[PDB]
Amino acid sequence: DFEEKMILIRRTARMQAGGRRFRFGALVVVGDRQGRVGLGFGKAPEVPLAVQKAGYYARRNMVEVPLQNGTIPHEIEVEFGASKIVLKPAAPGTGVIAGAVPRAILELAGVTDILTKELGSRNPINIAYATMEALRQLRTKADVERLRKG
Amino acid sequence: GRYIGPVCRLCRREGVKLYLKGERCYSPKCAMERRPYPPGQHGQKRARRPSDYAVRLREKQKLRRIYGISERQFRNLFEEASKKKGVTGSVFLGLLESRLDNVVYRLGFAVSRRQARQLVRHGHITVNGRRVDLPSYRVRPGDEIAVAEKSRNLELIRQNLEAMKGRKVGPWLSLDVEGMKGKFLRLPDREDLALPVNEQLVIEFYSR
Amino acid sequence: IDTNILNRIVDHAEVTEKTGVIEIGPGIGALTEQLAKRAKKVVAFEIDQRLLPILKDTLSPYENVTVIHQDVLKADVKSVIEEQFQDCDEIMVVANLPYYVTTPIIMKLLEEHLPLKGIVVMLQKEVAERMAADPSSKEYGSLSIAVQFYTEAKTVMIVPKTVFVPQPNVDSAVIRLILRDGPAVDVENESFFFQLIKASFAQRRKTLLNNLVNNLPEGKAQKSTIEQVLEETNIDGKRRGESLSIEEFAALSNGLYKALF
Amino acid sequence: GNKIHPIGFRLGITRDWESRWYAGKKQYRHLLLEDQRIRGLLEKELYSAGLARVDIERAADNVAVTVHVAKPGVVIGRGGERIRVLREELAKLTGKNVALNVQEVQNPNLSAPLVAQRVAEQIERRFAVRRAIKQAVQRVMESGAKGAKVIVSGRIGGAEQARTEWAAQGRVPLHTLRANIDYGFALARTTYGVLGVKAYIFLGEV
Amino acid sequence: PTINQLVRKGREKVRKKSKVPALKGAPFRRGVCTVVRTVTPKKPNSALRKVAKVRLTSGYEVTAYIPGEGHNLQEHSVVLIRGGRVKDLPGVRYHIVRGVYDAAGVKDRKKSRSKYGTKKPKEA
RNA sequence: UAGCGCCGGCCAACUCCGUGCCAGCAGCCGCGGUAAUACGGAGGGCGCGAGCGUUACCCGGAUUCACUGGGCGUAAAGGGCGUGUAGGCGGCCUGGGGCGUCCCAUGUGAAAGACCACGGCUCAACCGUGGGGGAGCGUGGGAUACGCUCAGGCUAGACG
RNA sequence: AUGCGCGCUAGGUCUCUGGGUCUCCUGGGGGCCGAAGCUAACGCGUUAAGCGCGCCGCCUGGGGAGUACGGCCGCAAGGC
Ligand SMILES: [Zn+2]
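Protein chains in written order, with PDB author numbering: chain E, 5 to 154; chain D, 2 to 209; chain W, 32 to 292; chain C, 2 to 207; chain L, 2 to 125.
What the hints contain is simulated information worked out from the structure, not anything from laboratory work. Quick reminder that beta carbons are idealized off the backbone N, C-alpha and C, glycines included. You may find that some hints are simply not true.
[What the hints assert, rightly or not] Quick list of the computed label-pair ranges, beta carbon to beta carbon:
#1 W:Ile209 x D:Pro7: 35 to 43 Å
#2 L:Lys44 x D:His43: 50 to 58 Å
#3 W:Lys169 x D:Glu179: 24 to 32 Å
#4 C:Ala129 x W:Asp120: 41 to 49 Å
#5 C:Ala129 x D:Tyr54: 31 to 39 Å
#6 D:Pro7 x W:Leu240: 27 to 35 Å
#7 E:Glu83 x D:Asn199: 17 to 25 Å
#8 E:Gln20 x L:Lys44: 50 to 58 Å
#9 L:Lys120 x D:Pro197: 21 to 29 Å
#10 D:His123 x L:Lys121: 20 to 28 Å
#11 L:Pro91 x E:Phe26: 50 to 58 Å
#12 D:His43 x C:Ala129: 17 to 25 Å
#13 D:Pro7 x W:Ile85: 52 to 60 Å
#14 W:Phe195 x C:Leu33: 27 to 35 Å
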């Protein structure tokens, strides 16, 4: 039912008593292109197991996005660790102006027009988390009105 | 200079029928009905998943190959569409469909865009009662496209417009099948065109 | 591998312990394995040396599956049916075919007059439409006429692209072709029957007269005879060409050749 | 290391002797020689059908050979021709009116020798060792078989240096007597030398 | 820093340093060869690279790299010098344009003729 | 008349022969010691096409001089510490002036170039005819919230 | 290895030194855990490396090098 996307497989190693033990980490985006996005990071000693785990985690940790005309209600600027993401609403017929990682995240959201920029460190995991936070921190006119007026 | 050489190989590479050759690509011979895999020695091997760049490039190449125009002219048209008002995609498609050769093909004078280009270049086509011999000419809503009096009896045009009897033309066009003439009414919509192209990828490609 | 969908195809074939099954181009043996557990006898034609060990290994637990290393075209199918299927009533062909060898592999089987009951295969959706075409659907042509003259065709469903792990360029569809009891229409002049069928659809958007007179030097010489015979058989070269039914072509293949044969 | 034979560890209990008969000191070695010859011949001949077990018993100058095979049709042949010729061969070998028997092993995925010989056959066909082992263990695990383990010796994929692969799944308690562990060995002869395949299967307790 | 600090001092611009001093703001130069010597590459590579010594129209006298399979660079050959640096050879910072003055295009190229300046083989 | 570059990752495009750390390739990471998709040749493919590549230089990516838009415990970075000149900055309440600041009217901001519309070259380049816009500066008028200023007060900073 | 000044942001605990109405309340100083928060991490956390404002001094890859040259100050070694 949910679409799946792949960001990175990385093979990390740790030393043992005369040799190396490997473990694979997988980053996965899961979305329905209607305003639901999940990001999963999964570790396993074997690649398909890692993919499955990441998919599972993504299906758990889901985020709703307030889409209107396939864009973001308001520009945002979120720093996670040493990574920084800048999102800006765009007019229709603009497309997703983003790097590989932000594009991967935002495509499965249903966003069709946006401008983005990465700042500071560009470690993909941190960028992915920062994008997640920026998506999680969005508000509509209605939400803000309810908060203020009630 | 346009592209001269094998054609249905483009059909194969792009993975969509892309009616370029006219009649053959309607018969069981379009080369999509036999060997629909890309050409070459490694045409039928399990390929790695395409990159973002690859996806955008393929989309752009497909859209360009449909109309058979140079990359330079394509980029110029895209720039013009970008600078204009409204949606880039819709305006871009409207600009690609306003070409004289494309309009000629649409109206049914020719079976293919290449034949239409040849007819235009060879002076068999008139616009508002004046000879125009340039495939890249841009027509505007409220223009009269007709076949030159001299060429009204040529076998090609005669049989092409004989086959257009009791056949529908695009909603953004009208045709007087007996009158050897047509009419351009308005810019075609995104919905009007049956293009197998998602122009969003073209926009994204040119953003880089 | 395409999971339970394989078991679906066999389900559309309805084979049992009564039946013997011919496999054309098994590959790994995904379909072959499923067929083996449901069929009394399975025969396979494989010609690729590299995939042979894998296919053999996949067939290790089974015994009622035979593999013959020879191309289908060159080998006499009749003899193979004679030995391999001595003790089964229904003889059926279930296969998935490479893109190049789709139609000719069907035509060889149909021309040979094999005791086959049904051929349930996976082909291109386009080819599936062309084989099973109603009149004047733009799918009507030589393929449809030939197949329906030999075997009744029925497309079951459409297999989407989003099935295979490597996603292909064109969709697939599953068809059934049941061998008719004798020729569909009585005509002794089979060769010229096919000549007429293929000539009549030379130009789809042209008329019958154009597709008739242009073909054949004698035909290009004796124009009037064609017209008068067509009017004799209550047909005319004006309608289209694509609107004719099989029996109409039977009548024409009788009359037109009766004029000169 | 240096694990002892899991069958020899359980000859008394949870397993049984393959050969069951009696002979005095005077006429022991001869019977054993005949028995070994029979086993050799059977291994040589019936390999195609997937032999898993050969049982020999003696009552009074008689031989009751029982062969456990995955595919009994191959052994029997057409109209009982092959079984008959095999019986003729065995009887010609030793004038003891041998009585051949054929049994079909139920669920041939649950016999360790069959698994071992299958893996060896796969290796002979230049397969990928690790993937084959994983698949074999998976197939054993599917149809019950509380424990499974497969070991491939060394000289993997025509390498220069030998190494052990070992894929296993479930409980394989080699230290418990009441285990009922079924064990199977195979030897895979390839162009770059020989390989050893060992399979352990664990079928419940008591 | 504070706005006052920036007003008083400001930000110093960064100037790029030319990697081709000998050229003196020209795409190419003409020189005369003096020494034609084969040298050895930095650690990970081991070969015998052909290198010329060129005195230019400028005051500069620099080592140059001859790209190709074989050359006809003698002790008095007039040559054209081009930008570009060899990663291995420690000191060379220029290439030689093949097929210009005295250097001739490497015999029997078929794939990359623009570089290694050679005429198209008249097919028959 | 159809060429030119590329086909290890950046970056779209894969196999077979020749060589065996040699010949060479190279923008970076690096490929070359007998199974080279990285060198050389073929077949094939990709991109552009009367052009295609290379070198040189400028801006961008460089948030890598950071006004928009960075930092200084250990990554380069707090003066060895005071006193203090110029300079920078600065409580609460009233009133005048209107310098900064803001608004309106107006002169200028030439012509070409830039944007929009319409037209002539058979279209386009190219050109023409109109419409605006424009930082800044002049001149006249207006507003007093904040900053500056002048006058009168207050005690929460400072001092005794 | 932490420039100076001021305002705001849970506490607990141990000390040195004053005031009171004196189980306790209230100031100034010196340590240890730890809210919110900050940090790449270690850690900091009402004595901030937190949240803000003002002013000053510094950094722009690593060697060459705290070198050469020039200048200033010292008897000199040397210092900037
Ligand atoms: Zn085609």
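So, going through the hints one by one against the coordinates:
For the hinted restraint 35 to 43 Å between W:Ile209 and D:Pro7, the CB-CB distance of approximately 40 Å keeps it satisfied. For the pair L:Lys44 and D:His43, the beta carbons lie near 38 Å from each other, so the given range of 50 to 58 Å is not met. A hinted range of 24 to 32 Å for the beta carbons of W:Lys169 and D:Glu179 is consistent with their spacing of about 25 Å. Taking the beta carbon of each, C:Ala129 and W:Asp120 are about 42 Å apart, inside 41 to 49 Å as hinted.
The hinted window of 31 to 39 Å between C:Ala129 and D:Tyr54 holds, with their beta carbons roughly 33 Å apart. For the pair D:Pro7 and W:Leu240, the supplied restraint of 27 to 35 Å holds, since their beta-carbon distance comes to about 34 Å. In this structure the hint that E:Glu83 and D:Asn199 lie 17 to 25 Å apart at CB is violated, the actual value being about 34 Å. At about 32 Å, the beta-carbon gap between E:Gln20 and L:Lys44 misses the expected band of 50 to 58 Å.
Between L:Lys120 and D:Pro197 the C-beta distance comes to about 45 Å, which lies outside the given range of 21 to 29 Å. Between D:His123 and L:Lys121 the beta carbons are some 34 Å apart, a value that contradicts the proposed interval 20 to 28 Å. L:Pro91 and E:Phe26 have their C-beta atoms about 39 Å apart, which leaves the hinted 50 to 58 Å range violated. The supplied range of 17 to 25 Å is met by D:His43 and C:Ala129, whose beta-carbon atoms lie about 23 Å from each other.
Range check, D:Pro7 to W:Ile85: Cβ separation about 36 Å, and the 52 to 60 Å hint is violated. A hinted range of 27 to 35 Å is violated for the C-beta pair W:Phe195 and C:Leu33, which are about 59 Å apart.
Hint check: violations occur at hints 2, 7, 8, 9, 10, 11, 13 and 14; the rest are consistent with the structure.
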